[PDB]
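Before any questions on binding or motion, here is one chain by itself as structure tokens, the form deposited without the named molecule.
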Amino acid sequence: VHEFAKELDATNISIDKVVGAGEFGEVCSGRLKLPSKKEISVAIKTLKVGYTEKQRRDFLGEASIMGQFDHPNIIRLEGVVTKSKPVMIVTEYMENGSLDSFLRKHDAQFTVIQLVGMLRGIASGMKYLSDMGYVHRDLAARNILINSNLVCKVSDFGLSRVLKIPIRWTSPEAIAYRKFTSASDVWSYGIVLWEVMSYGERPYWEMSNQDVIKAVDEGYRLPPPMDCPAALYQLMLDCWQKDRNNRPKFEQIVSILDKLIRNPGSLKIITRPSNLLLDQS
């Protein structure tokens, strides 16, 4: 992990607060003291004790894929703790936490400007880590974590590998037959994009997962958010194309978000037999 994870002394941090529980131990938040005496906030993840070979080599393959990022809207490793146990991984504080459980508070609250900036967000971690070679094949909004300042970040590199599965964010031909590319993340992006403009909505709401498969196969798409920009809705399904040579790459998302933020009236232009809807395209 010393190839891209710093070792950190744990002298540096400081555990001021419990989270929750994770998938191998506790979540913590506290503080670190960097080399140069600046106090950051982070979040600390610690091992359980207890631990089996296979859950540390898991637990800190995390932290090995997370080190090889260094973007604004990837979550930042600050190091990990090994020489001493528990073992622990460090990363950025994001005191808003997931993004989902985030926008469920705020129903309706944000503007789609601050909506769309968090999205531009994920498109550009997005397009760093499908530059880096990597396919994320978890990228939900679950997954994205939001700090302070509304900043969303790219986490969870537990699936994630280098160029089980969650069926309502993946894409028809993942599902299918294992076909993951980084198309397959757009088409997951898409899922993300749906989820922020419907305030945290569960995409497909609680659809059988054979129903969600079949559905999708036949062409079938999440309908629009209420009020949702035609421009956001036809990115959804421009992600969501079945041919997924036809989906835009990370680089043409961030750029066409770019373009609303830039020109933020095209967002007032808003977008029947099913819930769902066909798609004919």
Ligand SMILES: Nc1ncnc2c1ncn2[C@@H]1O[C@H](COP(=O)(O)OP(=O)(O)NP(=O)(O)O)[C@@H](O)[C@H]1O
Second form
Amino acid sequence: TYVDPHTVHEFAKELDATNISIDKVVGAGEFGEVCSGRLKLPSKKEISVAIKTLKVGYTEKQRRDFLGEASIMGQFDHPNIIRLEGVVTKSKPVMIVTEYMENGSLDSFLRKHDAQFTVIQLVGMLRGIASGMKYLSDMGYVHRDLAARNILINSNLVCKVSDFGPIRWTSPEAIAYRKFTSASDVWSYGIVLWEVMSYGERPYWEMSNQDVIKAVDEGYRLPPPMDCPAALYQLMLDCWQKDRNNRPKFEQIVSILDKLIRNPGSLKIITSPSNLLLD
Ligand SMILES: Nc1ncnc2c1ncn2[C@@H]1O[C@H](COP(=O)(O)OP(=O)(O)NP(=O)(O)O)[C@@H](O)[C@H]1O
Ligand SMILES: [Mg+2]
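Let's see the other form, the form solved in complex with the named molecule, since the form deposited without the named molecule is already up.
And the full complex, kicking off with our chain again.
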């Protein structure tokens, strides 16, 4: 079971900064920079890591929000959830150190490779994401921000859930009255499924937010990505059931994808645009 943080040392190892080397800047965060580097483990093994720093002159609220992410992440030890190696708090800059994911955020990765992966490769990515979400939901953690931009992908194309800190990704009931449940994460997973099969196209493109909300409420849904297998478009539609009780559970999604992996011929049945489809 996940436990809410409103203490980081309950679920995070304090790392010795002597064991951390910084290579290069790879991103910018809400709280500071993100860089790649190396961590020397107690066993002397050296691994690649990502390193997030807390900007100099941070507020106490920024420090709490920053470390709160580590307090959450550190609760989850799963191959498809980003691994917290530890934190540095006894020296400054304060740091959160995670496993390195060479191919970065999934949405930007797929946009660089439009139509270049096999369907079975894409299904492999999606099964990873579903398996990580199955574990989070098993722990009673509702992610609320599941999106392709919040999944990281490593050198072997293994995808892992990130962003333990968005109308297009949010279920109608969560939009309507903040009803967030693992079923609203399943809705979001449906959107990620579409993002993946669309090679990182933006869900609902740049439609006015009020129109995203109204259209989905009226029963309109994102259309099948080009060359999308029928099995995968149906899974999207299933994830986007209006009635949250009718959506599949993450364990069911994992099982569906495992069958598709086992019987790749299943994927050969293909469905039938920047237009929504009624239903
Ligand atoms: N574990 C990691 N391995 C490799 N690159 C990473 C890792 N974590 C983050 N990054 C890179 O740093 C970027 C920003 O990190 P992210 O975790 O998305 O923080 P953020 O505050 O959400 N910033 P942004 O998403 O750019 O608004 C990502 O797009 C990745 O390219
Ligand atoms: Mg991000």
